[PDB]
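First, one chain by itself: the form solved without the named molecule, in structure tokens.
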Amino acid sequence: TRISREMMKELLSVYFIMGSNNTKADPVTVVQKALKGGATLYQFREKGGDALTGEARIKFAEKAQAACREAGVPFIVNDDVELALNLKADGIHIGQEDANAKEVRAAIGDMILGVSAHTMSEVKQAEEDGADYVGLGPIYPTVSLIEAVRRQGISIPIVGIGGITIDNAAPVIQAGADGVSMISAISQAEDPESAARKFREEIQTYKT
């Protein structure tokens, strides 16, 4: 069956997102360090400018997934449905533009489904479409909507994203989010493992 709302919320705590173009260091290493530091979920997001393509992209994907497995953390794929199914990913994340959430939900069985939402109505449609969690943002220039969502009684697991750092994360959890997702705060950090750990501890505190 679909993931439980309870387990989904726990997984979103420290949601690390990364592609090879998000770090000048070794990508596979930054991922291993983030997992070792305490990231609770990882999203493979290989896109934008100068991202890996073809076989090179697939190898990074398989290595990133292997690291998630050994660390016991779910592996989530951004956008690519075929890849998610081929690699047997733990789930997929999609945006509003190039994807029909309802059709994706039907194609992935009980895999975790994430959807980027930007409006109150998009949050509601994502849940209705079958999403297990919604990614809301950008929160910062890289929480009022989050507060508004919870105020109405919408209980879908929510993860904040967009310019989140160890110093502005707390307000996102207090607003009602179930976790924070980040890219550079960890991928570009001088000590990725340590950055992940701080986040891990910070979010624990505010959820507790």
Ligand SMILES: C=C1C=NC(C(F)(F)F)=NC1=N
The other form holds:
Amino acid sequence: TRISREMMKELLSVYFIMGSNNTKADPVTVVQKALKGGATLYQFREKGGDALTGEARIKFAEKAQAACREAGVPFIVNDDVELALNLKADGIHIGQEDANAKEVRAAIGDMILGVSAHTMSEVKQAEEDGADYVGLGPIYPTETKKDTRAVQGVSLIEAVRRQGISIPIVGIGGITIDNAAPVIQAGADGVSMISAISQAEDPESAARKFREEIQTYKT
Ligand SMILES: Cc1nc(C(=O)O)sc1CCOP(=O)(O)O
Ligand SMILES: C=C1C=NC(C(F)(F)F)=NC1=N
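In place of the form solved without the named molecule, the structure of the form solved in complex with the named molecule is requested.
Now the full complex is given, and it begins with the chain already shown.
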């Protein structure tokens, strides 16, 4: 069957997202350090300019997935349903324009399904379509993606919970160790980030601090 709501919420705690172009250091090493530090979930997101393509992309994906397996953390693939199926990934994350969530849910069996949502209606539709979790953002100003909607703070998260919507939620967009707390307090089940860890001088320590911080506010 699909993942349980309870387990999904635990996995979203410290959700690290990264592609080879999000760090000036060795990509594979940064991922391994994030996992060693405490990341509870990892998403393979290789996009933008200078992104790896073809065999080079697959090899990185395979290495990232191996680090995830060895750390006992699920491996999520961004957008590429075919790759997710080919690599036997633990899940897939899709956006609003990328595909038809209902069709993706049917094609991936019981894999974890994540959908990016930005409005109340999108959140409700995602759950109805079969999503196991929703990614809401950008919470704070970001420069890593540079193709996001306007910053929305934690007001939408609060509104969703106020209505009684219980779907697992992860916040994303400009999240740092210093602004993560309010996201959890608003009702999110975790925080997702790229730069806060990928560009940190000490990725392992960064993930560790996030782990402790999220644990504290979820308690
Ligand atoms: C991939 C992505 N999506 C966003 C959204 O708002 O949907 S924000 C984002 C990435 C931002 O990375 P960082 O943690 O470095 O700000
Ligand atoms: C654009 C995105 C928004 N949210 C998430 C996640 F945090 F994983 F839900 N991933 C993305 N790729």
